[PDB]
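Engineer: Next come the chains, spelled out residue by residue.
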Amino acid sequence: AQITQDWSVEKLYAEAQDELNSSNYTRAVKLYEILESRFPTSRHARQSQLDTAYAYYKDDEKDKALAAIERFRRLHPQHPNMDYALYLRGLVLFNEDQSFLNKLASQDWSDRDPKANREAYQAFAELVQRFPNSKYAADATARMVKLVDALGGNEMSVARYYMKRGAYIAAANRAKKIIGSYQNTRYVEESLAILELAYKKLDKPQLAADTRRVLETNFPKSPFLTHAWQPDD
Amino acid sequence: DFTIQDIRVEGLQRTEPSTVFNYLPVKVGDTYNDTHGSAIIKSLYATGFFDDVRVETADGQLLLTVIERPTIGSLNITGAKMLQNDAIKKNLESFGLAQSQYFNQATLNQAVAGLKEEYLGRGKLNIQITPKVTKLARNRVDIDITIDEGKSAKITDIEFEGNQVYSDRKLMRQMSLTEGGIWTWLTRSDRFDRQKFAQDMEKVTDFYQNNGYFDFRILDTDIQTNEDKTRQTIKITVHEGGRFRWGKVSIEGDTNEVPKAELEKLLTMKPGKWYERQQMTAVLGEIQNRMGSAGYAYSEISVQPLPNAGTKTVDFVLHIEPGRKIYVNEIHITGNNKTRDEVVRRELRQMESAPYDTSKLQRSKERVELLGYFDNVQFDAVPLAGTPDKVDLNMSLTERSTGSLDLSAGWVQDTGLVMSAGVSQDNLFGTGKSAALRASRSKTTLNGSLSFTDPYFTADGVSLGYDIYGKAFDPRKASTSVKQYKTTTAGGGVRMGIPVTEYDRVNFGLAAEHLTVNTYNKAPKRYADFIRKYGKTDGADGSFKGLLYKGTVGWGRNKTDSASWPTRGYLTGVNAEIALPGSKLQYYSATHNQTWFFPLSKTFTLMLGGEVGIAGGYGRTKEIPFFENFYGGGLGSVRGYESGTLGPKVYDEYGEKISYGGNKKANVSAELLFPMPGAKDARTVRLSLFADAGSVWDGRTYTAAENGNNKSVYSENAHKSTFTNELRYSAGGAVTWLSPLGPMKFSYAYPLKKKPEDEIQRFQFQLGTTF
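Heads up: the protein sequence lines correspond to chains A and S, in order. Just so we're aligned: the first sequence equals residues 27 to 259 in full-length UniProt numbering. Just so we're aligned: the second sequence equals residues 22 to 792 in full-length UniProt numbering.
No wet-lab data here; the hints were simulated from the structure. Take these hints with a grain of salt, some might be off.
Quick list of in silico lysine to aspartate or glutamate cross-link-like pairs, EDC-like style, CA-CA up to 16 Å [to be verified]:
(1) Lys454/S x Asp259/A
(2) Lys190/A x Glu373/S
(3) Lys359/S x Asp86/A
(4) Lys190/A x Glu363/S
(5) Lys111/S x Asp89/A
(6) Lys359/S x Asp123/A
(7) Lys202/A x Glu351/S
(8) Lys190/A x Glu368/S
(9) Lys203/A x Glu351/S
(10) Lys111/S x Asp123/A
(11) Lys90/A x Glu114/S
(12) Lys359/S x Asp134/A
(13) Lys190/A x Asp481/S
(14) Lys190/A x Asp362/S
Using the sequences and the hints, build the whole thing.
Structural biologist: Here is the structure:
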C-alpha cells in the first residue's frame, strides 16, 4: 500500500492484463487484492485469484494459489468459471516446467514423480465427473491419456532397469502388476516378452509355455516374437 | 410444518445470500422448527465466516445481525530483535492471518501466548507484549507487535546438591554451559534456553552414567530471577548411587535362523571396567542391526536390570522376542524431480522380493547420500494390507541443484592473484553424465580443461569419460625466480574407474598427450645436457616438442566424519604417474598417502601424516626431466622454508640460485588441534602447531658448478641433501581462518638444526584455494 490511488475497475483489469503480457504480476496481484478490499462484490476477485494462480504457475510457489482456489470453493461453490479453476488446478498440478535454460524439447515427462502424476490423474477424474460438458473436454481427456501413458512408461522403465540386473523373481511381480492393472497402454507386447524371458530363465517350462500361448493369442505380429527380448542400451 | 419461500438474511455486507442458501442445511421448501438453531452457528463459526450472528425468525426474512469478521489487511511488525520480522510473519501465517483471513480475537490471544512462551524459551523473560489493535478501514485491522526485551539471562553460580563425588569446577568443565567471565561477553555465550538446559541435563546424565554411577536420581531444579527481571540463578538437587561391577550379562530367546553362538560372540562385555552404558546402547544397536538383518525388522528386545546389592552389582538379561520374518514387496520413490528414476534405483541395495536386512538398508542410505544429488533422505517402512511377510518401503527425497558456474579468486604469499573460472554440471538435464569446463590461471600457471564423465558405463558401473586439458606453466616471473622454462601440455585421455568392492573404487587411466617445453636465456648445467640429448638447442636457448603418452593409476579411500573440520577417520591412497613408452621421455613415478587421525581428547586432537614417493627412470631415458621433477619445501610439505627451496642450490649467470629436485620424496607430519575459546564455538578459526621434517635426495654427488660451489663441503655427498635418512628439522605454529571465503592459513615456523645454506621462511600466508 504505497500509491493508494483511486482508479477504475475496467482500467485496472486492462492494466493487469497488459502487465500479464509484460510479465508483471507481483504488482498486479497487489493491484488485484486492493480492488477486492475496496470493492468486494466483483467477479474480478475470482479473475484475480485465477490469473495470479497462472502467474504462480509461471513462478515457483503453488501453496498460495491452491489455498486461494480452495478458499474460493469454500466461499463461492456455484460460480460458472469453477471448471477453469479446476483446469487451472490440473494445470498447476501438472508442472509443465516452463524453463528455457533446460528446455530439452523431448522431455519424456516420466521422471518428475508418481505423486504429482497420480494426483493430477485423480484431479482430472474429479473434473470429468463434475462437469461432463465444459469449455474444455478434448484437451482434458488428451492430457489424461498422456499422463496415464507417462505413468505406464515410468513403470516400464522401472521394470526394464530391474531386468538389466537379473531380478527375475521381482520383474515377475512387476510384469504381473503391469498386465493386471495397466492395460490399454503401449508397453504391453514388450513387458510380456520380459515376463516370458524371465520365466524361461527361472526354469518354469509350463508357465513359459502358457505365457507364450497368451503371447501368440494376444499379439500375433510383433518384432519381439521373432527376436527374443533384449535389454536396450 | 412450514415451506420455505426465499428465506432472507438481513444485516450482511458481502455474504452473498446464495452462498448462505448453499450453506444452510435446508433450502427452498423445507420444514425447520428448531433443529439447526445452533448447528448453523457451529458451521459458520467454523471455516472462519462469522463470530456474532443473531438468528431470528420473523416474516420469512430472518434478521441475521452479524458483525463481520475483521480483516487482517497489513500486519505491523517491529520490536523483534533476535528473531527476524519476516520470520515472525511467516510463522504467524502458519497459524492463518492470511489476506483478510476473517480475523478472530482468540486467535490473537493464542498467537501472543505462543510468541511470549517461545521468547521465554529464549533469554527474554520480562516481555511487555502490547500488540496494538487499531481500527483501520471498513474491516481492516493492524496488529502492532511490541516486544520489550530484557538484557539477557546469565548464570552466577552452577551448583548441585549432594556434590560429594565430583568437584564443582571439573563438573562445570564438562557441561555445555558456562558462567560469565572474560571469555563470555562476546556472542552472548551465557544465555539460558529450555532446550539447551534439557540437553545439558541429559549430558550430565550420560557423564555420570559412563563414569560408573547408576540411576542418577535428579531430585529437582529451581530457577530464580532477580529484581526487575534482569539476572538468573540456577539451583539443582540430585542423588547418586555409587559405583558397581557389572559382569553377568546374558541373553535368552528364540533364534529361529540366527545361531545363538554368533549373538553371544557379538555380545562384547567383560567383568572389568565395571560397565559402560554407552557400550550398552552400542550393543543394543548392534544386536538390532544383526538380529534384524536375517529378515526380522520388528525384533522387540526387552531388557530388565537385576540388581544384587551387598556386592553392589547389576546384571542384564536380554529377553529378545523376534518373529514374523519380514520380506519386501515393493519400493517406491517420491520427490525425484529433475532426476531420472533409474539414477536412484542404480545405487541402493535390497533389490526386491528379498528378506529385509537393515545391514543393506543402511549401506544403501550411505551410498545414496554419498552421491551429493540430494540433501535429506529417509527410509520409511509401512506395512501392506497383506501384512504377512509383505511391507512397503516408500522413499522420500530433498532435491538440490547440482550444476553451477564457479568464478573463484585467491591470493598466495608469493605469486598473489590466482583465478579459476568455469562451468560444471552433475546432471545434464538427464542422467548423471557429469561434465565441466574449468580453466585456472595464475601469474605462473595456466590450466584449462574440458572433462565429461558418466558414472555408469556398464550395468553395474564404470566412470567412462573424456578430457582435453591445456596445462601451461612458466615461473620466470616476479621476485621469486624459480628455474626458467615454459611448458604447455594438451591432449586426451581414457580414464576408467572400476569398483573392486562396495566400499573402495580404483581407477586406471591411459592418455595421449602432446607437450611443448621452451627454455629461456642461458640455463643451468642440467638443461644443456637435456637439450642436446633429447631437446633442441636454438642459439643461447633450448626448446622441445613431442608426445608424452602417459598413464595414471589411482586408489583413494576417505572415511572422515566430515569434509571440513575433520574427526575420526583417515584419508589414504596410492597414485602412480607412469609415462607409458612408445614416445619420448620414458619415465615413471609412484606416490603414497597416509594421514591417520587420533581424537585422544575431547579438545586436543592429533594426526600422524606422511607420504612417500619414488620417481624412477627406465627405457631409453636414464636421467629425469627437470620440468616433471619434484620441488621439495613449501607450505604443505614442510610448513617451514620457502616453496621449492629444498635440495641443492646451483649458481647461474649473474648469481641466481636454482634447485633441481630429487626422485625420492617423503614427509611425516604431527600436530595438536584445539580451538580458540574467546567468544564462542563459531566455526571460523583453528590453531595448531607442527614439528615435522622433510625428505629430498639426489643419489649422485655435486662438485662442478659455474666456478662456484654453494655447499660448505667441497665434495658434499648429494646422496642425501643432508646426513643419512634425508630430512630437515623444523617446527612452528599454524593458525587457520576458515571463513566461507576460502581458508587463510598463517604458519609461523622456526627452523631446527639450521644449516648455513637453507633459506628460511618464518611466516607463510595462504588465502583461498591455490590448488
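Engineer: A separate judgement is required for each hint: does it hold in the structure or not?
Structural biologist: Hints, verified against the model:
1. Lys454/S x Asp259/A: holds, 15 Å
2. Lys190/A x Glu373/S: Roughly 14 Å separates the two Cα atoms, so the pair holds.
3. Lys359/S x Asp86/A: OK: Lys359/S and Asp86/A at ~14 Å, within 16 Å.
4. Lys190/A x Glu363/S: Holds. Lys190/A to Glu363/S sits at ~11 Å (cutoff 16 Å).
5. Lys111/S x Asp89/A: holds, 13 Å
6. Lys359/S x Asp123/A: holds, 10 Å
7. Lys202/A x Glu351/S: holds, 13 Å
8. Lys190/A x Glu368/S: Given that 16 Å is the threshold and the Cα spacing comes to 14 Å, the pair holds.
9. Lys203/A x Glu351/S: Holds. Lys203/A to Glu351/S sits at ~11 Å (cutoff 16 Å).
10. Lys111/S x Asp123/A: violated, 27 Å
11. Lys90/A x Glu114/S: Since the Cα atoms of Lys90/A and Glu114/S sit roughly 11 Å apart, the hinted pair holds (cutoff 16 Å).
12. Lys359/S x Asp134/A: holds, 11 Å
13. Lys190/A x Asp481/S: Answer holds: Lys190/A to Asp481/S is near 9 Å, not above 16 Å.
14. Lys190/A x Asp362/S: Judged against 16 Å, a Cα distance of about 14 Å means the pair holds.
Hint compliance for this structure: hint 10 is the single one not met.
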